[PDB]
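Take the given structure of chain A and dock chain C with the ligands to it, following the hints.
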Amino acid sequence: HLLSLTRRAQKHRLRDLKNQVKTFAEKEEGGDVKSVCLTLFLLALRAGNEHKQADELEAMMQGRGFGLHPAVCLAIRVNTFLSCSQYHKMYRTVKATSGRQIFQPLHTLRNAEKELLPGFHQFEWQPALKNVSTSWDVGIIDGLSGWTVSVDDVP
Amino acid sequence: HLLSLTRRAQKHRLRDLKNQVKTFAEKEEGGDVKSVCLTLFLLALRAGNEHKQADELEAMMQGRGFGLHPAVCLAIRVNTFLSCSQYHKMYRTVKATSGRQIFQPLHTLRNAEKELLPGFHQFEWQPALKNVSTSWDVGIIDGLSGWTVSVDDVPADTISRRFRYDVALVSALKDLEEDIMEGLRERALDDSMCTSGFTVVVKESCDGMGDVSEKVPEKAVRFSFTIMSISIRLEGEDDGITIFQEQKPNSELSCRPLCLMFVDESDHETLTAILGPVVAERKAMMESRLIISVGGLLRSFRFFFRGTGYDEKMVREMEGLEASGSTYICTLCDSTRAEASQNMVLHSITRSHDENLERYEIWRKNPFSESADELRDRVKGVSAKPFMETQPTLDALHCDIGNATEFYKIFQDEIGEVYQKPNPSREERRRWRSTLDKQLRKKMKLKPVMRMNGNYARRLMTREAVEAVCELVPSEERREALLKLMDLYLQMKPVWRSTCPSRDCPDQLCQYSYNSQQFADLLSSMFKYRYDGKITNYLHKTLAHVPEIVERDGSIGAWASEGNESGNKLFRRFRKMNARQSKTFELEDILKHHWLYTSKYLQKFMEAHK
Ligand SMILES: [Ca+2]
Ligand SMILES: [Zn+2]
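Residue numbers (the authors' numbering), protein chains in the order written: chain A, 414 to 568; chain C, 414 to 628, 635 to 1029.
Don't read these hints as lab results, they were simulated from the structure. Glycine included, C-beta positions come from ideal geometry on N, C-alpha and C. A few of these clues could be false.
To be verified - From the structure, some residues in chain A lie toward chain C, with a derived Cβ separation under 7 Å: (1) 416; (2) 465; (3) 506; (4) 551.
To be verified - To give an idea of the chain C side of the interface with chain A (calculated C-beta under 10 Å), a few residues: (5) 455; (6) 475; (7) 503.
So that you can see chain A by itself, here it is in the shape it has in the complex:
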């Protein structure tokens, strides 16, 4: 059978249909046989109802790519209530699993996220604010607002 042979034998056996597809592409698709056999394999997998492998192939051929955007991963983390530790756990898992750094690790996710929190964008107010510190880049404050902690007064 064809799939058990080397390149030499399969060329020797398919030469006829190779010339057939070459001349059909030259007559209709400009002689670019690679895109023609790509589309034909895609359609033959579409008919075989194995959409999954054909879609993975189109992800290989001019596909969106392996990398996941760090922001989207931060999302899928928060939207799912997962940990910090557990995130890193499954991260190292998939990392050593299939050859790629599919998720970003923690610290880069943290860095990428720190802009999405409050206190990152610079701005102004016209006129300036009423009795408000013009400091902007600040993040999370403690709510007591400098409540003098001395026991003598109200706790």
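Just chain C with the ligands now, with coordinates in the frame of chain A:
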């Protein structure tokens, strides 16, 4: 352009060369349009020197599948306590963006796991097992065993879920299939023959679980087991060639649960009436031999069971002892309590299961017509009939905790005066405690806890913490005395904490007799004021039976019950995240998740090249 059209228009355009490919593949290649156009595309890619794309396509349309292996996917899912909806959201999300679906859907795992659960793998026994329905495919089973629900009789209320031991064992073993074949090949031993002399030593361990926040009282008991070692006896003429010994059995990552009962530890009635079948089939198991498909071949098995991982209270309770601090203390040497203070080191280990049955028959029949105490002595204190056979050994963990709390008490004592104070009061005891705690906080950075666990014990045993304690003793003679005591204890401790001292630390074993002897003598001399006749059990064991068992049973610490107790936190958190939630199922699914978490296969997928 062909790439921007829809599939309908692309077919309307390419159908002609399509049907030419159809007729060519039928003329020459058995009508395989799929493989024909596959190799056509492969060679058209390889012609342009685009070797990476063609190699990746050859890797995709063979062997590995869609981006991740479904097995490792389920491994992650269980390894981090995610929910179904959790997983579906994650999967749907990551598939939306840049998908190219990666994780696997839920439904596929919902039957992909059935390899790792019990009740999948063919097997049998020669001879056939006694009293066991020989269906090899049943999975999770309610433990009640068809208790007639008649409220007339004793009520059948206690909830439980368990397995059939055999099915559990075949699942665990056929999971180890990989490792045992690997070890067989490493030793270069033949693979076709030697399919009959495999011997498996399996450790079992059970323990209750206190204060389980309930969602019946708040209790529960979990009975698990763990594969320990496996060797080969074929062809004979030798001992068993060690094939694979487990590399770290203490860690709960190897503690396979088998039964769970929402019941309390102490009420003998319920515990027994649920454990019954388990005991029965483990007993019948020593007799027959096992036959499994392994390495593609039918291979045989024998077994050796060891009941070691039980805390004291349960051991003494199930071996028919007077629980627990009664005039008979040692589970091995039948000397009295006070006598255990006169002699400490010289003793023989005698207690055995069958002979305890003999002594209990003597207790029942009373063939000598002796009174209460005379009969108590003639059987050396065996009242209740044991039913679960147990190995003659102690625990590692809670001997550690007992020595730790003993030194804790004696430190609370020597901070003040004891040889100088014949009878102190409660106030001074709590005060010496308080200054000891302040000392452990200022130095060594140790706040106290309610009761000292294993970590706090490891810390309190340390030498310089004993120095920070002894700083406060007025008499420097007593200070150097308990320091010398501590040094002897530390030189003797990793004797039993080890995995294999004959390999790790043989030197302490070689000098253990004299060490423990001089230890006990210093104790009896400079601390007689306190240990006239009152000795705790663990102190007895560690000074009366350590070398006997360590020489006999190969190793110790290798049979630590701790392996289970710690791991019980999982039964805690599994309860939160993956409750059914309703008890009658809650158990069943908890156990399923647990056994799934604990199988090797998934741990192999999790470690993932260091
Ligand atoms: Ca326990
Ligand atoms: Zn003893």
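Here's how the hints hold up against the structure:
1. 416: holds, 5 Å
2. 465: holds, 6 Å
3. 506: Cβ of residue 506(A) sits 5 Å from chain C, so the hint holds.
4. 551: violated, 32 Å
5. 455: holds, 9 Å
6. 475: With a closest approach of 9 Å, the residue 475(C) hint holds.
7. 503: holds, 6 Å
In the structure shown, a violation is registered for the earlier hint numbered 4 alone.
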